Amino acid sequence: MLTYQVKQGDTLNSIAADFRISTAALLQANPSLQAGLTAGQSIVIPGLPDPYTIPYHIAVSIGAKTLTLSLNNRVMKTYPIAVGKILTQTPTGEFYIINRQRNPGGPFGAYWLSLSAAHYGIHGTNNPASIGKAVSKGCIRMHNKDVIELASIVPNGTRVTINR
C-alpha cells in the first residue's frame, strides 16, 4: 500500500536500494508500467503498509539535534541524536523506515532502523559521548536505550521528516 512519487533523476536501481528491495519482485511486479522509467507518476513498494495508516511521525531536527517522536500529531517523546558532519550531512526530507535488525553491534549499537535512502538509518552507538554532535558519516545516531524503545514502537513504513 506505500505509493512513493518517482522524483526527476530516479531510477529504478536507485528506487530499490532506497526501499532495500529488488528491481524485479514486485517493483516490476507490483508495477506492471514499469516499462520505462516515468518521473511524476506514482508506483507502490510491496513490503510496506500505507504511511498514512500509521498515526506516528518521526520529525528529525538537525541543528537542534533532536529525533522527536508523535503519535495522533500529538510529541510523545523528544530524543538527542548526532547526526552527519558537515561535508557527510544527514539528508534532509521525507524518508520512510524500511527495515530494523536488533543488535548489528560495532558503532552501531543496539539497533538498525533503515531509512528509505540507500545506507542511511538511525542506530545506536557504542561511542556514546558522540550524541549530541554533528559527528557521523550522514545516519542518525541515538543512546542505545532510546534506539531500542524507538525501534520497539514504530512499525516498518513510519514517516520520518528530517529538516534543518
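We call the rigid core whatever largest set of C-alpha positions still superposes within 1.5 Å between the two forms. Numbering follows the first chain given and starts at 1. First, how it differs from the form deposited in another entry.
Among the candidates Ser130, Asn30, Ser61, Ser70, the CA atom that moves 2 angstroms or more between these two forms after core superposition belongs to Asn30 alone.
With the core superposed, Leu12 shows a C-alpha displacement of at least 2 Å between these two forms.
The structure above corresponds to the form deposited in one PDB entry; please give the structure of the form deposited in another entry next.
This part shows the chain on its own.
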C-alpha cells in the first residue's frame, strides 16, 4: 500500500487534500494517528492500488515540454504538453496519479487526472495553441486526443516524475 512520510507543517487536512481523500478515510487507514500527527512517521494512503506493482511510469520534462508514458521501463507513447508559466510553474518532483474524471469540459477538456499535489493535475485543453508552451497556472495540459489515450491506459497509483 502507498505510504507517505509526514512532514513538519502537515495536517490531517493538508494531507487529505493532496491525496484527494476524506479525513475519515485517512484516519480509518491509520489507527496510529489517534496518538498525533508527527513528522518523520509513515502513514498509508487509502484508495489506491499498490504502486509497487504498477508497470506504468509517467515522466514529464518541463524543459522539453514532453510527457512520456512507459510500460516495463520502455516507452509506449510520447506527447507534447503545456506547463506552468514562469511565475506559476509546474512543480518538480515525484507524484502519483490519484484519480480521474471523464469530460470535465471547459478549459479542462476531455479528462482530468489528479496529481498527488493539491489542485494539480494532468488535463486536456480547449486551447490547442497552448500546447508546447509555458502558459498554465501549473497543471500539465495535453491535446484532448492525447489525454484520452493516457487516461484509458494508466491506473490510479501510477508514478509521475516531473523534471526540469
